[PDB]
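There are 2 protein chains.
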Amino acid sequence: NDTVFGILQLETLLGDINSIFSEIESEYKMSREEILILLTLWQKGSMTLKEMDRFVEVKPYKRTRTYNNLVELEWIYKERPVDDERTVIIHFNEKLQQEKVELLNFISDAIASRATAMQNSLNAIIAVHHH
Amino acid sequence: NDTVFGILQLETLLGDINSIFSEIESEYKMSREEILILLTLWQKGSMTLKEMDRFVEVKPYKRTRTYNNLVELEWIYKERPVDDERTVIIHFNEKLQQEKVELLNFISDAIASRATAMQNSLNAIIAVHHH
Ligand SMILES: [Cl-]
Ligand SMILES: [Cl-]
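As given, the protein sequences belong to chains H and G, one line each in that order. So for the first sequence, the working numbering puts the first residue at 9; every next one is plus one. So for the second sequence, the working numbering puts the first residue at 9; every next one is plus one.
I should point out that these hints are in silico values taken from the structure, not numbers from a laboratory. Where hints are given, some of them may not hold.
What follows is a set of in silico ranges between Cβ atoms, one per label pair, in the way DEER data are often shown [what the hints assert, rightly or not]:
hint, chain 1, residue 1, chain 2, residue 2, range
1, G, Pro68, H, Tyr85, 42 to 50 angstroms
2, G, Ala125, H, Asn26, 54 to 62 angstroms
3, G, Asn26, H, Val79, 28 to 36 angstroms
4, H, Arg94, G, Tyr85, 57 to 65 angstroms
The beta carbon of each residue, even a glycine, is placed where N, CA and C say it ideally should be.
With the rest of the complex left out, here is chain H:
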């Protein structure tokens, strides 16, 4: 069925997107959440852990580990504001500027290898109509 085919392509497109993340995750040995945090940090600049929590869904039991790991991979570092102590500010580690460019270029590659298929899927999805 043509309508049914198009609707089912929602799942195909979702799969494309999760696959791209899978590719990044395996190459860079990071979690989905870590990748999203790094991207958000690059988009919005340094911020507190609490603030980042609003942009990226990190479940409480993996939170400490997630940020601690980003620190150990040397992607970020932490700062303690001198009049809050229980607030943690995170910053991109500029020493890893070249690695940042490399990662973004890899993500670009993974997107490019999927771009035609994703648009073809979205075309099928959007082509779904009433009957």
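Based on these hints, arrange chain G with the ligands on the given structure of chain H.
Frame of chain H, contents of chain G with the ligands only:
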């Protein structure tokens, strides 16, 4: 960042797709797996549970309730090939043909409301490039 914004739209498009499923789920009181099963059944025709499980990822612990609920909602019915196999064949309940059309139309409407947003997001994603 043009690149970073575009990569982050992967998650936006993902959210769009899952919000469609959420909307159907709340309207029709079904899980995503049930929706995918019905669609696959309409696409491919009658088949065994074993065959359906290879088309739609349904966690083993959820399988029995998933199909039983489709039977309770009267979307499908079960058959056992002779003499009485361990095999369960499921069929679409043709009595619900008009219901099928209305569900498909509902999903079509959900897709149409998001078509502009999804294509804009995919445009941002595919625009991602090297530097
Ligand atoms: Cl904080
Ligand atoms: Cl079976």
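**Study point:** Numbers of unmet hints, in rising order
**Key:** 2
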